[PDB]
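There are 2 protein chains.
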Amino acid sequence: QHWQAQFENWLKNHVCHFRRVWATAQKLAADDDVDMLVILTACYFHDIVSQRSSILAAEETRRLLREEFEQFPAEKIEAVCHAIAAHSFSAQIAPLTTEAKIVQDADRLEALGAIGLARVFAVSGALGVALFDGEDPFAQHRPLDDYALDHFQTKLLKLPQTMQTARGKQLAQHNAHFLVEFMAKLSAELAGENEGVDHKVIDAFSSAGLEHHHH
Amino acid sequence: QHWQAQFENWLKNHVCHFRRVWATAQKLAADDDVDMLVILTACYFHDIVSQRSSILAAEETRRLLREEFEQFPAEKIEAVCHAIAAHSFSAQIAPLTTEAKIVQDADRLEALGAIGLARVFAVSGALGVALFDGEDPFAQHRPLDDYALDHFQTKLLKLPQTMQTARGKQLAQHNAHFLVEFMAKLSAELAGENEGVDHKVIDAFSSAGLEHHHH
Ligand code: NI
Ligand code: NI
Ligand code: NI
Ligand code: NI
Ligand code: NI
Ligand code: NI
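Chain order of the listed sequences is A and B.
Quick note, the first sequence lines up with residues 4 to 17, 27 to 62, 71 to 166, 169 to 233, 235 to 238 if you use the deposited numbering.
Quick note, the second sequence lines up with residues 4 to 17, 27 to 62, 71 to 166, 169 to 233, 235 to 238 if you use the deposited numbering.
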């Protein structure tokens with residue numbers, strides 16, 4: 004009963029990004045018997061501590085844990101310090117625990133898909149980096165990245183291949199394909215097509231099979 | 004001869029948004045014999061003058085026109101003052117000229133589609149308005165709009183129906199459907215689906231037929 008009750012984690016602290033991560037984080041380790049108890053606090057705090073910021077995410081979440089996590093720490097508190105330290109590839113903190121892996125996947129899946137396509141441009145909005153045609157002709161020029171549409175084939179399109187969770191990869195594979203199709207429509211529209219999608223960008227930015236013949 | 008040469012409009016002034033608008037603005041009035049000469053300057057300056073801003077876009081573009089447009093003004097200069105004044109529904113300047121209509125469509129199509137889906141979130145980025153789940157449960161709550171994802175069914179999803187150009191509407195209809203499908207994937211992902219799309223949002227935010236049976 005301390006499986007649903009402890010939801011009163013940030014549900015009494017002081027954000028929704030976590031609500032979802034847990035949701036898909038559970039689906040990743042469904043019926044594997046790993047530790048769906050630590051992984052939780054892992055994905056529930058990885059942000060409470062803002071390339072130096074993840075190593076402190078645990079040197080921060082550990083001290084703060086000694087407040088409400090007072091009831092049940094045990095050995096399950098050193099694992100909540102690797103997960104919440106190995107999720108953002110800003111610190112390159114390689115995840116070793118099979119629990120610290122499920123999070124580095126659930127949170128990293130928040131970079132792809134519909135929400136992912138929204139983050140790239142929202143962020144790119146404040147930072148004001150643009151994303152216009154200044155990026156299409158990059159078939160012959162070079163990627164300056166954060169031109170948001172470039173951030174696409176620099177991090178995002180390369181995220182699924184470096185996915186370290188069995189299912190999480192095939193999942194970060196579909197969502198990563200949703201981004202390409204967006205690129206497909208963006209190319210056309212960008213080439214005054216207004217209708218179809220550039221069936222040439224789908225051919226280069228996403229592994230066929232995810233939609235296909237066999238020779 | 005003075006149809007391609009005059010491209011040296013902003014090509015020597017002091027932005028790419030125009031390059032495209034003309035492209036699709038020509039396709040809208042293809043073989044109709046209207047005035048593919050004024051419509052051009054129309055879509056080439058509607059921005060040089062930043071709900072009061074469109075009426076001045078012409079009270080500004082007219083004076084500036086008296087510089088390079090010195091060679092060929094004629095009656096074709098009073099039309100370049102209605103178009104470049106009737107394109108943004110911020111001034112509600114109803115377009116009367118069939119030329120001032122092709123622009124209010126070509127420029128308004130830049131709100132839908134792939135580029136459209138990027139603008140909503142980019143802009144929403146600087147203004148920092150968010151767009152998270154705080155918008156999904158709005159099936160029972162109310163839309164505060166600029169929550170970017172709301173800006174969707176408030177302006178964008180209503181743009182194609184108020185389109186005033188023969189073809190331009192069926193065109194702003196497809197691109198407007200591309201936005202819904204995005205909403206479709208956003209719903210699923212938002213509901214921890216990670217795979218398909220909420221085939222319930224496609225059912226409510228876009229007129230079937232654009233993809235369908237017949238009873
Ligand atoms: Ni995160
Ligand atoms: Ni699959
Ligand atoms: Ni097959
Ligand atoms: Ni504009
Ligand atoms: Ni059609
Ligand atoms: Ni039919």
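Hints should not be assumed to be uniformly reliable.
Unchecked claim - Here are the computed distance ranges between Cβ atoms for each label pair: (1) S73/B - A114/A: 30 to 40 Å; (2) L164/B - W6/A: 27 to 37 Å; (3) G214/A - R83/B: 36 to 46 Å; (4) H196/B - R83/A: 47 to 57 Å; (5) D165/B - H238/A: 46 to 56 Å; (6) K15/B - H221/A: 14 to 24 Å; (7) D165/B - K180/A: 30 to 40 Å; (8) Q160/B - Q38/A: 23 to 33 Å; (9) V143/B - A114/A: 35 to 45 Å.
If you're looking for bench data, these hints aren't it; they were derived computationally from the structure.
For every residue, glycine included, the Cβ atom is placed at its ideal position computed from N, Cα and C.
Against the structure, the hints come out as follows:
1. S73/B - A114/A: 30 to 40 Å: Given range 30 to 40 Å: violated, Cβ gap about 53 Å.
2. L164/B - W6/A: 27 to 37 Å: The hint (27 to 37 Å, Cβ to Cβ) holds, given that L164/B and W6/A are roughly 35 Å apart.
3. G214/A - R83/B: 36 to 46 Å: Hint violated: Cβ distance 31 Å, outside 36 to 46 Å.
4. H196/B - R83/A: 47 to 57 Å: holds, 54 Å
5. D165/B - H238/A: 46 to 56 Å: holds, 51 Å
6. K15/B - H221/A: 14 to 24 Å: violated, 37 Å
7. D165/B - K180/A: 30 to 40 Å: holds, 35 Å
8. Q160/B - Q38/A: 23 to 33 Å: With Cβ atoms ~26 Å apart, the hint holds.
9. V143/B - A114/A: 35 to 45 Å: Hint holds: Cβ distance 38 Å, inside 35 to 45 Å.
Hint violations for this structure: numbers 1, 3, 6, all remaining hints satisfied.
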